[PDB]
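Presented as structure tokens, the chain that follows is alone, the form solved without the partner chain.
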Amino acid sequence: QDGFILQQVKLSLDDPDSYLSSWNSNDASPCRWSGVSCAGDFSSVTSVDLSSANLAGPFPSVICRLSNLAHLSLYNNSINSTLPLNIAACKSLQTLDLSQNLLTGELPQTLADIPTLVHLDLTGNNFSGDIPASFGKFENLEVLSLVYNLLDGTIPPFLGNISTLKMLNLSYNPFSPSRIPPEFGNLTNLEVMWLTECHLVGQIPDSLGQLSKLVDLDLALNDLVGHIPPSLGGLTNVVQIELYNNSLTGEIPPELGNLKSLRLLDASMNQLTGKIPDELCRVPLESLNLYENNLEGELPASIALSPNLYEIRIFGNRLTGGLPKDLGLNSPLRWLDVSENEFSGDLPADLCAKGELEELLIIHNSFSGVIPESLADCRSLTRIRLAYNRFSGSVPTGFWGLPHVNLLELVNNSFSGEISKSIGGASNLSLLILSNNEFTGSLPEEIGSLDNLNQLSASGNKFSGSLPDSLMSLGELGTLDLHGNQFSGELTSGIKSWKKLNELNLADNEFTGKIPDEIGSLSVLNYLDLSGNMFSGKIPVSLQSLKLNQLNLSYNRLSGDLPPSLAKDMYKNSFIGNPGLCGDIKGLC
């Protein structure tokens, strides 16, 4: 009969990829059929897995006529229409996975009438309306997943009545704004509470502290208010706490230090105040994210003790004092973001000791001293932002040439010395921002070797000498800003090679000679500033062809007529401070 029933399933579904080709009526048994598994001396179908088969059409309710069917998966198909109340006919089902389908309408209340059901996954469907009251009466359910549906009812307290529940997954539903039922604290066996983006309102219940077996608490992306409960110290087995993007206030409880198994804490994007507790930092955390809060005081040195720490993101706070001296020495630190704080003192000497540091983001702080010499050997680095600090000294030779660095931002510091020839080694460099420093010397020829470079901003420095001829080799360059320097010499026909250049700013330098006619060849140039230089001769006629939002050729030695487009009252400020250009425009001189 199992074969005949499965033939009825086949006739009820669209099978464009012929996944059910093997479903042959002439077969003695259906056990060898695609997606079918049998058990017992009877060769009874016990499992059907038609996942990722590109099957389409309504749920095949006739499949429930299989007496011994214990596992059904139609995961990742185009199963559509409503889930029938006839699903209760599947009385032997232990696991049901209908995730990633096109199922619509209300959840059938008869799902709770399957006593054997342990796993229910309806994730990634279009189910809407209230969660049925029957769902409170599930006999043996351990996993309930309704993630990414259109459920628009309130979160029901009766879900707390499922004593056997180990995972409650209701994340990513447009639920009517609802408080977390305190009855959820009575789910003694619960290991996962996943309520991300569930339109939660009100305060986290103290009852949630009763969940001794909880491994993951996720209440992120909601409108939760009030304080993180000190009762959460009762979460003995918790490893992950996600409270990010809420409206939580008050201080981080020191009782979080009692959570020995805690490795991941993210309470970022809240209104938390007070200091980060030493007790929490004593826990050997893997990730601590407390960014975009109103936290103050020092970062406890105990955080450096963790052997598992790879991530610290505490940016956008009012934290003071120095970073821990041993930070990175005992941990595989990968991501460090302490930006927009009040941190001071030298950077820790061994941030990259374990050789895994990828992101060093410390902008808008009062960090001082020289870049640690160890960081010159940190080849793992991909993004470096030391901008808006009080750093001094030369940038270490190795630091310039780090191979995987895509962004090097040293803007607004007191950095001195020269860009080393080692910069040629920076194959991955796309953005180089060194503006507002005391850098000296000439740009190295090795800068031209950086084919991937898109931005070179080094304004407000003491750079000098002729631009390297290799600078033409920067075909991918979109921004070149060298204003407020002592750069000398002349531009060449090589500037034509800057095909993708949108901005050229060489203002307030000592440049001499004619502006090359090849300036017109730069099709996407929208910003040109050559002001405060000694550029001489006629303005290139080709400049008319360029569409420029900003043009400044002021305070130069330029002479002769303007192209007709540029000869306008609006462009007077662009050509002031040039004796030769006088009388090109009425009221210029």
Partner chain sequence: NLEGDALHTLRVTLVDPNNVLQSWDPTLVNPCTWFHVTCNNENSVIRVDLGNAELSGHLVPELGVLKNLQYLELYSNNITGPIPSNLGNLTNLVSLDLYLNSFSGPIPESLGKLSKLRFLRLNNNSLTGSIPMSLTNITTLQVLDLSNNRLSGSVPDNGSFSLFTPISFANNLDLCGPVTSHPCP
The other form holds:
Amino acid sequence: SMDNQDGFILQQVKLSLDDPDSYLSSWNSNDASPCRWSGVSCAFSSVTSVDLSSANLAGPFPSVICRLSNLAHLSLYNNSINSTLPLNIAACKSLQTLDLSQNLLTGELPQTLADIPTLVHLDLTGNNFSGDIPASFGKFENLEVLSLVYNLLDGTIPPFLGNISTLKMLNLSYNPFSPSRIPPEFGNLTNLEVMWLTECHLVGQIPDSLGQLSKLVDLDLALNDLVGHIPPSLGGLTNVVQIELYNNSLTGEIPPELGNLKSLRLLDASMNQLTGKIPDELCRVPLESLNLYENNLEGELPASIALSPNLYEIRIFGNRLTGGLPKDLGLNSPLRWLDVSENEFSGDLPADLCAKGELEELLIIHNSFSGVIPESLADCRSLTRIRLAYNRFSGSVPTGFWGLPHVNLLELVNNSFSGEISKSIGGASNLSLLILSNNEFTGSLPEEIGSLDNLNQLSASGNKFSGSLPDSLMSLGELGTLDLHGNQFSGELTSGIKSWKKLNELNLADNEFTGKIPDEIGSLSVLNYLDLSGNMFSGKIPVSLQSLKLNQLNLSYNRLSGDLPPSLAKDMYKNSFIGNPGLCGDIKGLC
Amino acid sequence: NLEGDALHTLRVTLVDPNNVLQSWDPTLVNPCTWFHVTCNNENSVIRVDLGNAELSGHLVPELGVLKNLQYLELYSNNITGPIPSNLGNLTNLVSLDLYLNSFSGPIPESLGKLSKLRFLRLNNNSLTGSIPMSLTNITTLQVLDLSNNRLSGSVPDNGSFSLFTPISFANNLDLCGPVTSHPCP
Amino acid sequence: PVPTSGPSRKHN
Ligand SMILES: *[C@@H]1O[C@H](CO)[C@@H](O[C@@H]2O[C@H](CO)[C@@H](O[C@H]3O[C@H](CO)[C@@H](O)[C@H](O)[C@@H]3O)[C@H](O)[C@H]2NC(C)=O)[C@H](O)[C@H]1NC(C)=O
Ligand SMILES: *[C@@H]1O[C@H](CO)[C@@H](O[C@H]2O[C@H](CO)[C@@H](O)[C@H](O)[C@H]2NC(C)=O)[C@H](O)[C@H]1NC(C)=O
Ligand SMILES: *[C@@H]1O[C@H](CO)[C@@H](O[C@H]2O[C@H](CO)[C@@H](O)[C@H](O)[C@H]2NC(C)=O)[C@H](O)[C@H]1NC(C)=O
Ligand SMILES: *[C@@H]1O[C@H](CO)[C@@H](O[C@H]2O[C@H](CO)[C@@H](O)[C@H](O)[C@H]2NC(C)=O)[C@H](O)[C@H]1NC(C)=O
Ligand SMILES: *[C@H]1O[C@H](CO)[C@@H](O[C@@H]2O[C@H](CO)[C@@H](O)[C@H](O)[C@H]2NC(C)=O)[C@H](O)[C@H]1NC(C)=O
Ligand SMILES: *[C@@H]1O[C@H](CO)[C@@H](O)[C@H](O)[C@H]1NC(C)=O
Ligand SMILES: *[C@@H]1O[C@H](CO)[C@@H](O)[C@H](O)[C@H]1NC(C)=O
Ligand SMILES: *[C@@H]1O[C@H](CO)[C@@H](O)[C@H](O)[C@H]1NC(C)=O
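Now show the form solved in complex with the partner chain, given that the preceding structure was the form solved without the partner chain.
Then the entire complex follows, led off by the chain already shown.
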């Protein structure tokens, strides 16, 4: 006794599977011992473990491997294994862990898997398994981990999976299940730490029973059609760190009992129909991330949230949130992302948002925020996205704020901001989109704007900016939109406009620009929309304009003179040249 | 939102060597902040500006979801395959510029459903078959270029085509009509 | 592609 043909059995496996990359080259038939072979693990020389992960192995599950008597750990993760899982898999009665993730296995789950008493870990993720989960699964003896994620199972959610006492993790996410309620019997899963039921077509109320799982760490019931009030019993999850209820039809008020969760860090109940005030007790908990966005919540954000030293994510946008943001917000926390957009938030912004220095996203658009940008934000080189638009903000922009290097979008649109753009704009390397429209800003555009070659969009509409366009502005080849309308800009366009090869839109309307249109306008390959209306542009229209294919052209109310070229005669250019006195052309009404 | 998801679908099926569609983050609430995408005051897409972007690959029917789109500019690229039918569901479209590409197959009949279309530039493509008579029923049509194509059959001379010149239907395989030198048989 | 159990990332 105590001798085996384990190497032979492995050679049978090798012959059964296609190995184009010859990953199983180490497996030498002629060798006495197989325990030095690639991915083969012997705890005497009996095989206890085989791992053939990412081996480009193709073929059916090799049921002959079960004749390996002491095999405890089998992984065939990330392979091209195909066909139905053989019911003769039960023969592997010594297996504790089985990983068959990222394989092309298909058909109904083998009920015989439950017949393996020793199984502790089962992962069948990224497989085409279909049909109802076998009722035998309820009788798993020592299974702690069940993963059927990203499979094609079209069955209801099994109440019998509640009878597996030893289970720590129930992972059935991203399966096209028959619309089914969460079993209350799942509450009797005493040792469960993870309930991952995202995109499982879950319907109906969340059971009060789910509260009795005190070992629960992660509760993900997101991306489902679950309705009803969030259960107050949920505060019974002593060890809960993460609750995800996002993208559900749940109605009601966020329970105050959630404050009783000492270990809670991440809560997401976003994209729900929840109503009422955000609880003070929840905000008292030192939350890592609080997302309650796209809800019908009302009232003031409790100031207790500022005390948390673990806060990097606050996304509460799309609510009717009144009052002002807490003064100490961002001072005691590593703030990275803030989204208070589409709320009724009012008052000066908390000054110490970037105190920790990891703040990348500041989004406060469509609120009633008033006052001046805090000077601290000038020190915030961490910022990449800033959206302060549609608030009541006034005063000059801090010099440093213009020059933050990794900002790619700066949006101050629809505020009452005043002052002149600093020469510090040259330091904004990552800036691609600059939107300063509908503000009270004044001055001449800095020459340092030409430094920003990577800049793609400039919109400064409804501003009091004045003077000649910097010659540097013509150096911005990558610019696709230039909107300078409703400004006091003066001067003549140069031949350098030729460098605007990638420009899609030029709007210089309602300005004091003077002089002849440069004949290089035609050289702009992708110019489709041109508005030079309400200016003092004079002289003959360039013949190069005809070469351009323009969807929008307005040269109306200028000093342009000479005959309209033959192409321009069309009624499609009817309202394009009104108000230029020296323009005499074929259209009905002109001259 | 739905409009951003439809545009991201296009990103997946297009080849973008220069990463011109990098701004197209599907996790953004709406696609308006994206470069090459323009929106109205109600945050609905009105323009897609992707001319001369070295894009290849194929279009998707999900472009049809963009009901308030006015300008579809995919010109001077190497995009291949057919123009989808769902492009007719673009009720507010004013410009369809697909010229200087390698599009193939028929000009969809659905393009006649574009009641407010003003510019149709499909020139310098490998489009094949007859010019739909539905196009004539577009009252707003002011510009049409179907030149440097391999289309065939009757060239409509009625409705919006009444004003159109030979340069619009030039260098085609076998177009017969009054505008053409050879008559229709 | 296989996702993870964590907070949603929808942002303006
Ligand atoms: C964002 O800022 C825009 C400009 O500050 C602002 O726009 C404007 O809309 C109002 C109506 O809400 C228009 O109203 C009035 O002015 C016209 C003449 O221009 C009159 O005929 C009307 O009777 C009325 O008095 C403004 O003209 C218009 N201005 C501009 C420059 O567009 C937006 O409403 C702001 N949006 C938000 C959400 O704050
Ligand atoms: C699954 O296994 C394959 C190899 O069998 C892994 O693939 C390849 O992809 C790697 C990263 O994408 C490259 O670095 C390798 O050079 C490439 N090799 C071959 C032979 O194609 C693949 O990434 C694995 N997937 C996972 C999730 O681990
Ligand atoms: C499972 O995968 C294997 C390997 O890709 C498939 O096939 C084999 O069939 C080929 C012909 O299609 C032969 O040329 C191969 O030599 C042969 N290899 C082996 C190891 O049998 C098999 O048909 C696949 N089955 C399914 C249902 O997809
Ligand atoms: C079951 O689901 C959980 C989801 O919570 C998976 O993962 C987690 O495991 C990861 C493994 O590296 C950790 O890095 C994560 O931090 C952890 N997340 C939580 C919230 O606990 C787990 O891998 C899944 N198991 C299987 C076999 O698929
Ligand atoms: C040219 O196109 C028009 C497009 O309307 C054709 O139109 C007739 O239009 C009426 C609507 O007033 C439709 O009910 C008919 O079905 C159309 N006729 C046919 C035969 O389908 C018109 O016939 C076309 N004519 C030519 C010469 O091409
Ligand atoms: C419940 O689990 C136990 C132990 O795992 C098992 O013996 C019993 O048969 C199971 N019952 C059902 C209905 O699955
Ligand atoms: C610019 O910002 C974008 C988006 O925030 C980011 O992905 C990119 O890596 C940044 N680049 C640099 C050079 O900072
Ligand atoms: C040009 O602008 C004027 C107002 O300044 C407008 O009334 C006219 O309709 C515009 N024409 C075109 C073609 O946009």
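Numbering follows the first chain given and starts at 1. Only the largest set of C-alpha atoms that superpose within 1.5 Å between the two forms is called the rigid core.
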* **Core-fitted Cα difference of 2 Å or more between these two forms, single residue among 70, 562, 53, 63** => 562
* residue 584: how big is its Cα shift between these two forms, in Å, with the core superposed? -> 3.8
* Asked: Can you give the C-alpha shift of residue 347 between these two forms in Å, rounded to one decimal, after superposing the rigid core?
  -> 0.3
